[PDB]
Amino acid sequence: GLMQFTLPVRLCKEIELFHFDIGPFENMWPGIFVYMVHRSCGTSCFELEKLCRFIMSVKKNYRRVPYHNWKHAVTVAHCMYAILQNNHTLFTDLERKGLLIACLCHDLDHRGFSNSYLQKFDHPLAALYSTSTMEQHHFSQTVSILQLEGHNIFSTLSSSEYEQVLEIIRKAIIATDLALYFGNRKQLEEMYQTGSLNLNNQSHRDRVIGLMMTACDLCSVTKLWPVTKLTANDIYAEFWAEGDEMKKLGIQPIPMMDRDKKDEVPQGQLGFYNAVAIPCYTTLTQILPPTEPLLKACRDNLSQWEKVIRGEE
């Protein structure tokens, strides 16, 4: 009950900002997660012992990949923490619980390869789950860990509440399949512009939560430029590895995954900003006005990639 988590002064103040970087000290990240749960959810939300064990079993189930790793998980959960803290009254006790856990679990057991590559490889997972292949696997790994002895962090919920939170988690993890993002954001754009967006409508809440998941997943593009630039190295380290595995299947990869084409990266980034990132944060800011600092930072990074292209860096 009375056993609070306390960060050092700099992290105490900066953890509240959208552009917070969790740091290189891996042993501090569990603690930073529990801190976020306690302030976002309460000190009564989860049994500490159950939560600690759960977190450690989650960490162990992320692989040693350049980008889709334990650090990405914690980084996505922080961006959701920042959203939820800036939007106190909008979300239910169940949603706050579920969404931090969904963010921590969203890339469980990622091998660093796209849905596309699994399907072209003919991976077993592409037979078990024909769409959102990796995301259905992430949800299936999340249920696994929740079902280890001592790892049921939701044990104090009723049967029906437990079913709702696992449905919040299922939808939130599926929503991280970027292929689903474009149509979701368009639906949200019309609903907002025609003033029919209704947050008591559950089908509507699910779409807004979907877009929050995309926002949190892409939050690399919302950091300060030195963080954004160095994070791009880890992302393209996985893209080029996949490119290499495509070329082993006898398939020319897209330029995004071809290391021979590292020259076209700065133009590649502008398209991403213009086609995904800026639209994602713009729509998020219309629906949830206090998430504007995400759109501001993303625009700052677009300007930096236009300077790279101009050779101002």
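Positions refer to the first chain, counted from 1. Rigid core: the largest C-alpha set superposing within 1.5 Å between the two forms. First, how it differs from the form deposited in another entry.
- Put simply, after the core is superposed between the two forms, 26 is the one residue in 264, 244, 47, 26 with a Cα shift of at least 2 angstroms.
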Given for the second form:
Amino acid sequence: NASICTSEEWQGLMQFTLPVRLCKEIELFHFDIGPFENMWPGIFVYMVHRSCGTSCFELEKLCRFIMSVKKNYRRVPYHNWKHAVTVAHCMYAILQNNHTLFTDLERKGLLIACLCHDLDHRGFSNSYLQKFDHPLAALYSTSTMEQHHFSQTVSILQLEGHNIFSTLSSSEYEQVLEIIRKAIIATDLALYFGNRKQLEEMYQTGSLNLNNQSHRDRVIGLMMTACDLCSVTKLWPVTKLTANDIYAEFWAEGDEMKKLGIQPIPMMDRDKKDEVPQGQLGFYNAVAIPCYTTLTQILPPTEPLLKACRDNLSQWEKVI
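Counterpart to the form deposited in one PDB entry, namely the form deposited in another entry:
Since only the chain itself is given, any partners or molecules it might have are not part of what comes next.
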């Protein structure tokens, strides 16, 4: 059931070359991929090559994988191909600034998990799917969409000539799929709260130990949240435009809820737009700021994400 790219598509990617001007910009946390749509697949290739090495994956398999991933994202307002590449770019910036803290297997796994983290999203929340007994909610009792996204990731790797992980030892192969599974599951914001609280405690008591697998899993989980929410770390006009896409998706869900006779939550109600700035302020205070604060404590080089998030918080305050 997984879509396949065309030969023309992956061969096009193989020949793509990244303009020199962008090489310096892509390294920055605040970089916005927005104006370079045609370059998105090539930007990912470039990031994999810079982080993992030009020989880490067989170029042909990597290009097929990327173009098929693109094909498996829907034309929804927010949880689409653009969001996947944006999240992958933030991961790249985090990894580049903390390079040696992560294994080569983790870097490959995380960049891939980010590209795939919202695969085949339908524009509906786990709350909606569960409330209206969608087949997916029956299959996946908790972290509904996230379990689906990982299932889709595996489905793509199984496609002819798409298994970029085939050269890994049987042990490393199982390890990378676990890194990916955990990383994708971690993008369920419901799990973020507990993870952040635990990490803050470990950090403050000085018990945090990155050679402890369970601790690494938690740090990786917080990195996933940080990447997933990164629109809040861009330049204000970019942050503002992305919020428009987020809300366009939310309001469409809210519209469906009204048809089913249920009044939607304010965030999904298109008739409550004037309350958006307060809603944003609330989210930054309760979710975004704590996320980047704990991430900065654990990985000091990620401080520019927290600074940018704080600047945007100030912008929402100006709106109010």
